[PDB]
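The structure under discussion is supplied below as structure tokens; questions concerning it will follow.
Omission of a single protein chain aside, the complex is shown with its protein chains in their original locations.
To keep things simple, chains are lettered A and B as they appear, and every chain counts its residues starting from 1.
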Amino acid sequence: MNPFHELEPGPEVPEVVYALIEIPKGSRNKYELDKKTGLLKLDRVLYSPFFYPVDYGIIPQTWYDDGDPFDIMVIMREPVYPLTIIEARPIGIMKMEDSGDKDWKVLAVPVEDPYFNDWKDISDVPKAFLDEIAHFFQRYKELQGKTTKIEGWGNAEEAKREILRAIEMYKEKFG
Amino acid sequence: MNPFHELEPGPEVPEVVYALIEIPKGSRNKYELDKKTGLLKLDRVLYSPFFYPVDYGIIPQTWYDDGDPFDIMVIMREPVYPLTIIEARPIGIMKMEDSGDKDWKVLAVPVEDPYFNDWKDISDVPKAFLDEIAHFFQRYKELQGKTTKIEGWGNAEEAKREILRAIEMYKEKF
Partner (left out) sequence: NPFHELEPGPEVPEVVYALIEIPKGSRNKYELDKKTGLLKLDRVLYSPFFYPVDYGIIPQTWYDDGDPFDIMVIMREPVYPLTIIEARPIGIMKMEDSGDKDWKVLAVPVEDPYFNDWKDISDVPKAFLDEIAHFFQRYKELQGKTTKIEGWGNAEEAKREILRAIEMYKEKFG
């Protein structure tokens, strides 16, 4: 099966979405779903000694301007394993470009973790913890000669707007 | 595929059973299987700083009184990855109720680790180990307001009977 194709975007879109984690926090290896089989594939080894500061994944049955599934970042105190589904609550969206491609990424918190019960919008996140995620994606492909532009952070109301548009975009392409 | 439905209960029931692990030892994220897809899911982060004292999973093609597959606990020296199949030897069963539901759990050891070759019945497990587990499940939902009762441990003869009953509960429901 291809969990990107088979799974639904979420049980209560857009307040709660399904996050399919490809990369646990602390990983220097970059993974992604093999578009053919849906198995975990090593994309590359980060050219620098950086690690994903967040549990990285995608929202199933979503498509975005950058020709990929919609990227999502989930804050987990304990990193999960690849190909795990999390019920998460979007709280914001990171606005960045990559080689002219709009590579925006939803930021989200888990619903079933009471530690984040009061995290509902971007302002609830420590400012330092936003700067760190921005600096990761600003620099994690420098030694690959790639230039990245961090444009800003949107609030929870915009993050949900983009998912509804990524959900449609998928229906348009594969529907 | 949903592994819970496609795998036989074991190669030699009830002496040896398959343990499909969902939660490695040392984990605090509580995982389960998605009935629709068979993928690993995040059930909940344990509200307390406790970690599963054992490799925790289910026995495929089983059904129990509490409306769920039969839980099995396997004592691994090194944790396995989720969704890994273990050929284990049952040695006992923990009799606990959870919110009024009969939620007994088989305790087992791996066949393929000679460390546990001499482990065969519940008496063979250090008392201090049987206490830590019973305390884990007694309390790992306390902050959630849920009440769990630890009745005690049954021996290997008992745990093996329950397996056969849980098997007969699966063929009956599906």
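To be clear about the criterion, a contact is a pair of C-beta atoms (placed from the backbone, for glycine too) under 8 Å apart; a residue touches a chain by one contact, two chains touch by 3 or more.
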Touch with the omitted chain, as defined above, among B:83, B:150 or B:169
B:83
Which of A:6, A:43, A:124 or A:142 sits in contact with the chain that's absent?
A:43
So one chain is hidden, and I want to know which residue out of B:6, B:101, B:124 or B:168 touches that hidden chain in the complete assembly.
B:6
For chain B, enumerate the residues touching the unshown chain of the complex.
1, 3, 6-7, 20, 77-78, 80-81, 83-87, 110, 112-115
Just the residue numbers, please: which parts of chain A touch the chain that's not shown?
27-29, 31, 34, 37, 39-45, 47, 81-82, 143
